[PDB]
Amino acid sequence: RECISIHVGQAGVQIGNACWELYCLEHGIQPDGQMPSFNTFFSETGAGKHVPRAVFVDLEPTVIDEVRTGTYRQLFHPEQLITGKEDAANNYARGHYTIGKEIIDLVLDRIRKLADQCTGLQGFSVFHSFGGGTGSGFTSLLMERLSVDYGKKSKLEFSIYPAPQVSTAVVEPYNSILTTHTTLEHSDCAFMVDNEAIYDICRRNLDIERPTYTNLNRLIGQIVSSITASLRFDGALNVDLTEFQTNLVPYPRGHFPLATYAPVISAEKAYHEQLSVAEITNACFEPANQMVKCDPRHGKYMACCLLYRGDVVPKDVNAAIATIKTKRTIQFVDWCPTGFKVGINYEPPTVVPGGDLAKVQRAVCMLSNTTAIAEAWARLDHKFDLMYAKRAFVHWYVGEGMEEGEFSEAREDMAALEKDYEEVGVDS
Amino acid sequence: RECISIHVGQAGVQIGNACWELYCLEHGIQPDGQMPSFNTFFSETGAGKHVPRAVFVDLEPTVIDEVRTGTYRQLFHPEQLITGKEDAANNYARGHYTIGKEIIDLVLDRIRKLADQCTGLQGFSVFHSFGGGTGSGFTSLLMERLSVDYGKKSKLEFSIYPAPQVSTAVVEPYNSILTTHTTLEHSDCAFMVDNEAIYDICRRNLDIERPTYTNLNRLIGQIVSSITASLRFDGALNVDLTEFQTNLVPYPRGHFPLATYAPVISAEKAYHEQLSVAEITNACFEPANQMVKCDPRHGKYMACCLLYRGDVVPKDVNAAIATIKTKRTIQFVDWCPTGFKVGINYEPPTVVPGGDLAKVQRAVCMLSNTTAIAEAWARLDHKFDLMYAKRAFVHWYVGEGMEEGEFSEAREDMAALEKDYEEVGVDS
Amino acid sequence: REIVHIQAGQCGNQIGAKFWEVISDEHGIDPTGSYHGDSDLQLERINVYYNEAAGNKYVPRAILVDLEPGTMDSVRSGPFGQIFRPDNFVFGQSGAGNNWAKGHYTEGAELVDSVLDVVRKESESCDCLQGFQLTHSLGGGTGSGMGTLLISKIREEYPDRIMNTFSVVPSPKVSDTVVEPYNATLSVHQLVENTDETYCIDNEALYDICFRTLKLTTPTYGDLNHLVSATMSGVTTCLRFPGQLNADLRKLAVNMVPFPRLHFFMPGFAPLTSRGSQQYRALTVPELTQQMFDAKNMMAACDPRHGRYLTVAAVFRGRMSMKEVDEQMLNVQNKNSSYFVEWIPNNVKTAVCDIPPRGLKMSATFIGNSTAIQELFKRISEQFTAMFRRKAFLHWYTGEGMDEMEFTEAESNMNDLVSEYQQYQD
Amino acid sequence: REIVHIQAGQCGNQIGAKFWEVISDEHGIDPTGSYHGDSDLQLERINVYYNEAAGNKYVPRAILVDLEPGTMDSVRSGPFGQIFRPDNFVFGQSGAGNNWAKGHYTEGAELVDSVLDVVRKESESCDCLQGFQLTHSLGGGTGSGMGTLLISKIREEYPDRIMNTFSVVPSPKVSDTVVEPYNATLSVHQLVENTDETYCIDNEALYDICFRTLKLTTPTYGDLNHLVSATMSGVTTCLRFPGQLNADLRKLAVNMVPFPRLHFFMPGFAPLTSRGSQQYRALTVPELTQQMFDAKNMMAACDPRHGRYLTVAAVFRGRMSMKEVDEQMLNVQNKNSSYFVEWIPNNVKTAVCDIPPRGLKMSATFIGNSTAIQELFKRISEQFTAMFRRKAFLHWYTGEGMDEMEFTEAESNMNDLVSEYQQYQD
Ligand SMILES: Nc1nc2c(ncn2[C@@H]2O[C@H](COP(=O)(O)CP(=O)(O)OP(=O)(O)O)[C@@H](O)[C@H]2O)c(=O)[nH]1
Ligand SMILES: Nc1nc2c(ncn2[C@@H]2O[C@H](COP(=O)(O)CP(=O)(O)OP(=O)(O)O)[C@@H](O)[C@H]2O)c(=O)[nH]1
Ligand SMILES: Nc1nc2c(ncn2[C@@H]2O[C@H](COP(=O)(O)OP(=O)(O)OP(=O)(O)O)[C@@H](O)[C@H]2O)c(=O)[nH]1
Ligand SMILES: Nc1nc2c(ncn2[C@@H]2O[C@H](COP(=O)(O)OP(=O)(O)OP(=O)(O)O)[C@@H](O)[C@H]2O)c(=O)[nH]1
Ligand SMILES: [Mg+2]
Ligand SMILES: [Mg+2]
Ligand SMILES: [Mg+2]
Ligand SMILES: [Mg+2]
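So the protein lines, in turn, are chains O, Q, R and P. When you line the first sequence up against the entry's author numbering, it's residues 2 to 38, 49 to 439, in that order. When you line the second sequence up against the entry's author numbering, it's residues 2 to 38, 49 to 439, in that order. When you line the third sequence up against the entry's author numbering, it's residues 2 to 44, 47 to 360, 369 to 437, in that order. When you line the fourth sequence up against the entry's author numbering, it's residues 2 to 44, 47 to 360, 369 to 437, in that order.
Same shape as in the complex, but just chain O:
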């Protein structure tokens, strides 16, 4: 019943920092590993120290060093903290090939070591970003190997969705297009969120006009914990990760369920307001709490999964579902009946001490696969196209051995993906 977390790149690792901090908060784990009390994620020592079963990869020493100098440096095993010396430079060509390919063997052997520590490997999940060099480059490299060795294990990916308006990486389209090509075909499911959309959540629901990544990742951590800690904890409907895959992936392509999370409420907003299960789920179908800037009303739904924490009675859930099925404007694709996975954990929602979110007594996470995602690809299509037509920055990949045909090909694979969304949109 075990799983592995993999943190690649800054985004992967810094999100991971929040994630493991939250898992410590879930059980009262001390920075040194001492836990007085979740062995699905952790491995126990004779001292009662538990080791989070995870791998941290950075090709630049700095971020891992940040871990190594922080409080959780005692928690993590030195072998889990893997670092190279040089970067990918925002560039798949080095991340996947030239540079990252050198260290990956080590990385894999640490993974395999942990796989041998697992007794019942259920699977794993990889945290990264769609635009970066290691964030997406190295990441896909890893998938190429992991899908061989662990072909039957859960291969869930979580990635930051490139913001349409702000991006620090000029060749991000190129990176992301190459990842599509290589991740679609290897991964089982990839989830993503938009930091821009999140900012809007922070300013509207948390009332914060100063979000940093350390805020943004707390919110992400909430979502992740709902599906990682609480799915291993007790509930009414205990849903596994493999079950998630078995209930969220409808086609052999990928699919890309997007996250939505409600409650996201400031402490003051929690006052004077009573949420019910149904009210929280109402919020879950509002564009306003959509974690990716993509309009839910534009597309049609294919999948939807609702996962519940704390004070949730199935009775209320059932009523809530009835209304979301019938009251809303949620259009859905023919193919699908509304079999929405309901996970119901008794495990209460948790809050980070010193965080922004209010203590809540119940909480709902929503995953959804909508046809509007093709518009996200359309965004990438043109951004890629523009660059590629001019061949701007192309020498930074070509010099590492990339082929122009390959890039065209990858775009075409994306186009095919868009076409399949088109297909799904056609009802039948």
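Some hints could be false.
Below are the BS3-like pairs computed for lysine-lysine, each with C-alpha atoms no more than 30 Å apart in a straight line [what the hints assert, rightly or not]:
| no. | chain 1 | residue 1 | chain 2 | residue 2 |
| --- | --- | --- | --- | --- |
| 1 | Q | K352 | Q | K338 |
| 2 | P | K156 | P | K124 |
| 3 | O | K326 | O | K338 |
| 4 | O | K96 | P | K60 |
| 5 | O | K338 | O | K280 |
| 6 | R | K124 | Q | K304 |
| 7 | O | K304 | Q | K124 |
| 8 | P | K299 | P | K372 |
| 9 | R | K156 | R | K124 |
| 10 | P | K156 | R | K124 |
| 11 | Q | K96 | P | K60 |
| 12 | Q | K163 | O | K338 |
| 13 | Q | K401 | Q | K338 |
| 14 | O | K336 | Q | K370 |
Worth flagging that the hints you see were computed from the coordinates, not collected in a lab.
Given the coordinates of chain O, work out where chains Q, R and P with the ligands should sit on it, guided by the hints.
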């Protein structure tokens, strides 16, 4: 069994301030929402805090800020307090169109959120003023949307009637004429009062020669509470808001029942004097307590509703009615028999601590639809005409996209309205 | 929500010196720049005129413009010259010399580009501008000349913002420049159609008030510009602070302008009497209305009862009843019905603010738009014609390239405003 | 992971004198060589620029090169000249005299072998080089002449390391050497294809900034080279220190070069204003972005809005939100869309470091690659042609064997860069 209050503009909000203060006084609600004890208006939290189901709209931060810095800032939910940055400038053209139309979507979504919080929305009422930019401009904009979404719910409006002698808004005729055009057709019933008439009440019955709006709105609040708090409280004849509409609106045009309220008595005037139900109702048919400067003896009655608080015995009421039907000079229109709605609540009348009105043991509110209202329109007709003939101030509307034909049209709609009053006056 | 102010000309710079002083008084801001007040409101709406710079420093949102460093220096040398940042001092070197052509047409024109750049920088610093205000003299070279040029460009950049200006109007008795009516004529030609509204201040009238009701025998321009700033500050504070009525500048503009071209105002102010009588005065709304209506308390050398009143705004500061205000305004309308224009029913409009000016219990600002204003235009136009025929000092102006036909059109335009006042005088 | 820096020419040696000073400031390293800081980070990534010698001595990984001992001596005589080891002073005897031919082609060529040997010794001392940086003048004899020669050999030895250089570009007004455009032309001919990237610094622009925004009336080259070092140090510290974004120099190079030949940069810097205004400034991300975009805060005498922007890098130092940065950069892209090239979607890229420069809360470095750069090349090429036809001072150069056809090709190559900027200017 729920309802929504909407406060638009200063007039709407400052009156609302008095209204919600009175509701707090009705139940002992603390500024923080803590109530130790009316859930038709309020929504309950797990802390026992109740939130007044209302929306506050101001396009200028200041008045809402006044709320936000006062004691009731803890009572109101931050989302209920909606503010823009700029004003309508006394001008429908910006209030309804150019400016207010930008924020209204937010406003509506907060309304809809509350509508979803309602379980049995009975309806709502809107507080504003006939002359202002947001007071009437924005207001009608709102009605345009609310009448779609909530077509079957109560749409009661309350507005300040432009004083014939004092007005601070030079284009008030123009504003009010445009509202007629758009409110007549959308709203169900609009009530109004004249601050000048009220001043006369304050100086003659309360003996106060220094009324401010904070006095004037207390008196308005009294009237409103009689029809809002006490209609949800227990009585002999428990009358609902929908019932009010069903008992006050005779035609599909609008109608405009005017308020009259007796008792309005200073503490010293209460001494040495014993009011009965009948005596209070005698006062209700006196011009002297008419809240709008319009002569009750001039027109003919069409509707009349009497709502009773405290120590009222139907027995006495019946006798009182007999005498008002037969003793008075109240002429009434043929169409109507004297079916005057009697609401009889056991709920006692309440008084604002530190207010001007005396503690009374019983109280009567009167609503009435008289043909004399056409004279009020006549006032507007000429005021509008004068300006419009010269085309004074016209550029302040034209520059926002208003049409001259439209203004003519709106006047004509008013003329038609006057003609319908003429019609009703003709007995048949 | 915010306002930018630009001062120009020796007049404008010295008026602004008092204006900003007062604004900081209103908010408890020290001559050195920091906030040391004591009321919530004092900081609450400070944004309209100040940028808070790091360290709790407030920067007045205004540009000081001149073509002689020495005037600027004298401004800078006093208290509140330190609150302005160096970047708000935009100036050249060599005067204008009270020459429109230099100011507008040629040399001053050169500086305007640097001024405007700073304007742009400030427009970005604001969240949302309500408008702009400029202070200047109508018969001056930089005051009107260069100032006008600037206005035409600002309006171009921001059609949707309020453009108003207060300006010193050549008094019948004290003109300084021989061609002061010429400069004024040219400014009408340019300003009227490039502004939303302009205020008419007559120094002669001001000197009469200061002795007539205030009984003072020593004023200087700083004392008279205090009175000017009282009216300017009166207008914007309400917009800033909580009140009862309708406190928006644009709405004021809407209520005061019945016709696209006739936007000239006569400011007045109450209470405004000597200390001796202060022991014999009563403070009521009728008291303020008596002072407001009285032509002698106008700051413009006009006579509203000679002309007809198109629009009247009565702005009140401090706690007053609504009733009393309504009734007294009605009474005014009633008793002075012979001066009001019949086309506008209830031509007297009000605005009410609950914050009194520091040191007073109550106060009121009178703003009027009468037809009487045309008399000032008539005086100027006439004087202009005489000079026009002789070309007095026009070699200076034509020497800098100003063409006489442009001046001819300017003359017409003055006459047009008069004829339009006649068209609505009836 | 490490960088080697080589300074050459009187310019380069004096710039480096400030550069290294700053780097040691950043890490708390004393002028005598030992570490006396106080932050973990200060030692943590020190490796990129220092070798720790026995005794907790830090040796700057750089070579000081000249052909006159006296300049070297003056460098050595100040603080931080003691931190450099004697072995890093490589120099000859007898100038170059600002003669490319001497520097590159003949005499200076002789010294280069000893320089390179030391370079090799340092390349071995490093664990893993990221790259090399050189500081020099484009129109100088050793700065460009000898320096270029060195670059061609270093690149040869290390194709896989970053080769960049910062160089003083002949300002339109102050050329010292009559054939300064000639030397520059020759350096383009050699450098452009033998470097990964080069930065364009104009002293004239720098002198304008120091008075324009910094309002200073006494700068020297040390004060202007401080500004230069601010940009240089800005770049590498992020690479050194923990941040948020992507802090690798090579990645910067990748994001800023769309085409193999067009790698010229316009550095700029924020915040960068006088102390007076510092009391009136607010420190926000938009504030930095306003200073970064503004052409007057560029250190290159170009005008980015004249040309088109190919790439923009915005590097931030200190704690900022990601949101705010993202939004403001987007806004920039949006509002200045008329200058950006349409082929590159979202042409503004960012990098974020969480360590502020000592003494400031925040700072930002502007790096741009516009087409406007071509204007500098055009000025030089033109001036060159005139001289070329006359052979001014070319007897000195041809006397040392430099052939005119090589110069002819150099001229073409300049023109080629301009035509390629035109090819992507569109
Ligand atoms: N109420 C006031 N009027 C003033 C003041 N200073 C000047 N003026 C009036 O303004 C006009 C003369 O103008 P200025 O000093 O403003 C001329 P300015 O410096 O704008 O331009 P130049 O031609 O470049 O000198 C004139 O009607 C003076 O009589 C003042 O301080 N207060
Ligand atoms: N921003 C700066 N530019 C400088 C400085 N010193 C010189 N220069 C500029 O550099 C060029 C002149 O060059 P140098 O002193 O570097 C010549 P160098 O000593 O490399 O070689 P020689 O020909 O052997 O003298 C020119 O554009 C000067 O104007 C400086 O300290 N700062
Ligand atoms: N939510 C979130 N997004 C982040 C975080 N850090 C970076 N990102 C986003 O991820 C992308 C940045 O990737 P980089 O940091 O440049 O690169 P990397 O993927 O770590 O790998 P390299 O390019 O080789 O350094 C941008 O789109 C950022 O907005 C973080 O802590 N949280
Ligand atoms: N009874 C009562 N009447 C009020 C109050 N405030 C204002 N009024 C009246 O309502 C009208 C004023 O509207 P304004 O305050 O100018 O404007 P608004 O309707 O709030 O909206 P804007 O014009 O955009 O500011 C006048 O006729 C006033 O006499 C109040 O508190 N109570
Ligand atoms: Mg990284
Ligand atoms: Mg208002
Ligand atoms: Mg002057
Ligand atoms: Mg030298």
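Against the structure, the hints:
no.	hint	verdict
1	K352(Q) x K338(Q)	holds (19 Å)
2	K156(P) x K124(P)	holds (15 Å)
3	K326(O) x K338(O)	holds (18 Å)
4	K96(O) x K60(P)	holds (24 Å)
5	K338(O) x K280(O)	holds (26 Å)
6	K124(R) x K304(Q)	violated (54 Å)
7	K304(O) x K124(Q)	holds (22 Å)
8	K299(P) x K372(P)	holds (22 Å)
9	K156(R) x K124(R)	holds (15 Å)
10	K156(P) x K124(R)	violated (49 Å)
11	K96(Q) x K60(P)	violated (61 Å)
12	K163(Q) x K338(O)	holds (18 Å)
13	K401(Q) x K338(Q)	violated (49 Å)
14	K336(O) x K370(Q)	violated (54 Å)
In this structure, the earlier hints numbered 6, 10, 11, 13 and 14 are contradicted, and the remaining ones agree with it.
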